[PDB]
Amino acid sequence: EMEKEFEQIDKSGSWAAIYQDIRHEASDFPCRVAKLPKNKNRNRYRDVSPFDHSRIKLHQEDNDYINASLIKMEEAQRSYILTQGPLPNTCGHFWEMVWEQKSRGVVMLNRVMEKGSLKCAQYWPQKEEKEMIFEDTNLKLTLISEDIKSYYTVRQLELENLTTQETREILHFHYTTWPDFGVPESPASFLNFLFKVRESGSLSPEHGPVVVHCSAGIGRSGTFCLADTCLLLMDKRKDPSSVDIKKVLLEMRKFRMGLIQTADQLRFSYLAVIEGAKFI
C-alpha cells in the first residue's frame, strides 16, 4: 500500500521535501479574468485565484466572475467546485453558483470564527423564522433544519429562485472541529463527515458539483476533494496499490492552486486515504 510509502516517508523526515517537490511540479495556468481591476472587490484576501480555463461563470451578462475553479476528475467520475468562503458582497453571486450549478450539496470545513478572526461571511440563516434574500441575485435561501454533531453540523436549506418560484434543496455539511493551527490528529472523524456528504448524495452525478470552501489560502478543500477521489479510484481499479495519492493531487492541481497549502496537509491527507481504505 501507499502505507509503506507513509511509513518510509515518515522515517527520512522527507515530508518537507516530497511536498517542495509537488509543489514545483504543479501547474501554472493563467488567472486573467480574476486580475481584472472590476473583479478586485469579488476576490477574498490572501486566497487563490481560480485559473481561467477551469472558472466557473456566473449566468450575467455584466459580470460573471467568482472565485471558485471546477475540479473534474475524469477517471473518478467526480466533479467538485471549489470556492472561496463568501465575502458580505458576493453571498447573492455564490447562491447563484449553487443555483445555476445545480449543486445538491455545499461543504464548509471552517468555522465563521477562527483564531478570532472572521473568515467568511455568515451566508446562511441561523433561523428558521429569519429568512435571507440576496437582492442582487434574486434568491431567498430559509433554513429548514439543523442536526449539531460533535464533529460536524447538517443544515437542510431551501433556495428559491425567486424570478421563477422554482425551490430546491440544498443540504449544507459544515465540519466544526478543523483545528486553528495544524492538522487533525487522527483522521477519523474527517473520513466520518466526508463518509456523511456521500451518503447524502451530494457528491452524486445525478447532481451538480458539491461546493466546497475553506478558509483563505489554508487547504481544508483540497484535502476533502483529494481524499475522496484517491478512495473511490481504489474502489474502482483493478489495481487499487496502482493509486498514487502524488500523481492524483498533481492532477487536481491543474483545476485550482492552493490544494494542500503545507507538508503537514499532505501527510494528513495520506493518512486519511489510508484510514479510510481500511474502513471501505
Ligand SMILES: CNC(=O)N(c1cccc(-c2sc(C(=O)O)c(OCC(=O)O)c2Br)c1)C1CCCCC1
Second form
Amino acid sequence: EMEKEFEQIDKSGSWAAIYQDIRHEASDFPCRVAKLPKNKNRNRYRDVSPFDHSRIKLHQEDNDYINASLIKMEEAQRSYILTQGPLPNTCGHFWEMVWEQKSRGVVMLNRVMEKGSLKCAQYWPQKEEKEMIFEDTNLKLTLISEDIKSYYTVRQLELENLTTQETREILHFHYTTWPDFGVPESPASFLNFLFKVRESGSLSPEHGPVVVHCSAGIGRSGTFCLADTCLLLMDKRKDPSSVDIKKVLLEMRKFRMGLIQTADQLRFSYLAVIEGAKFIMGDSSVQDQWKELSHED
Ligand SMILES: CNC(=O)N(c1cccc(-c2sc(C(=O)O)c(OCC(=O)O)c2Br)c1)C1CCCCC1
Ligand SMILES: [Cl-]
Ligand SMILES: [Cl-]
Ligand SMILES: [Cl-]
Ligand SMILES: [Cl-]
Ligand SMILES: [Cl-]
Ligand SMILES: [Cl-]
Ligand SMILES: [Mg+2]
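Return one more block: the form deposited with the named molecule bound, after the form solved without the named molecule shown previously.
Complete assembly follows, chain above in first position.
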C-alpha cells in the first residue's frame, strides 16, 4: 500500500535507491526513426527520443516524424501523448499532431525560458489580433481568451484546418511555476492544476488523447501523467490500496523513455496521489482546500 511504502522509504531515506531501481528495470526499445539523419533537427535533445513502436506518426508522405509518444494505459483506459517542447521548425508538426489525433487539451508544464535558456518555442499566439499560420501543415491558430492565475494560465485556442476550413477549440493549460528537474510547490498546487485539466473535459475518452509536454517531455510530463493515471485506476476500482505506483510507472515507461527524471519527482508523485485519494473516496472538502492552499488568486 502506497502510504505505508512511502513512510517506509522516507524513514530509511532510500528514494534514490527506489528511483534507480525503476531506471534499472525500465523497458528499452529501439528509436531508429528518431535517430535517422534527416530527423536530427526535429529533436530537442539527442538523448531523449520516442520509441518506434509507440511514436506518433504525422499523416504526411514527406516525413512522418515527430518527437512524441502515445502512452496508452490499457487498464486505466486513458491515453496521453507526451512530447518535447516544439522547436522553431516543428510547431507546424505539433499542431498537425493535435489536429490528426483529435486532442482537445494541451498541458504545458514548463516556461518558454528556464534558467536562461529557451526550453520551448513560442508555439501559440500571445495576442488575439496576431494569429499564427503554419504554412507547412496548413493550419491557423488564434488566441480566443486566457484566464491568468498566479501560478498557471488557461488559454482557449481556435485551431483551423485551412484545407477543410474545419474549426476546433483547443484548451491550453500552462503551469508556469514547476521548476525543471524539480517538483511543484505543494501537492495542493499540483492537484488544483490537475483538477482544472480534468474539469475542462479535455481527458474524456470522447476526445483524442490529451497532449502533455515540458521541455524534454519526460520529467515533469511523466510526473503529471503518473499521478493522473494512478488516481484514475484508484477511481475505477474505488480502492486506493489496489494501486501499485511503481508498477504503473514501469508500465508507462514501456511507451516513452525516462518518465519522471528525479527521485524527488517520484516521491512527489506519491504525495500527490495519496492526497488526491481523499477526493476519489468521497471527500467533498479537499478540492476547495487545494484551491485555497494553491493561492491561484
Ligand atoms: C542528466 N540527464 C539525464 O539523465 N537524461 C536527460 C538527457 C537529456 C535531456 C534531459 C532533460 S533536459 C530537461 C529540461 O527541462 O531542461 C529535462 O526535463 C526535466 C524535467 O522536466 O523535470 C530533461 Br528529463 C535529461 C536522461 C538520459 C536519457 C533517457 C532519459 C533522460
Ligand atoms: Cl506499434
Ligand atoms: Cl491580449
Ligand atoms: Cl494586445
Ligand atoms: Cl492585451
Ligand atoms: Cl489591448
Ligand atoms: Cl488584444
Ligand atoms: Mg490585447
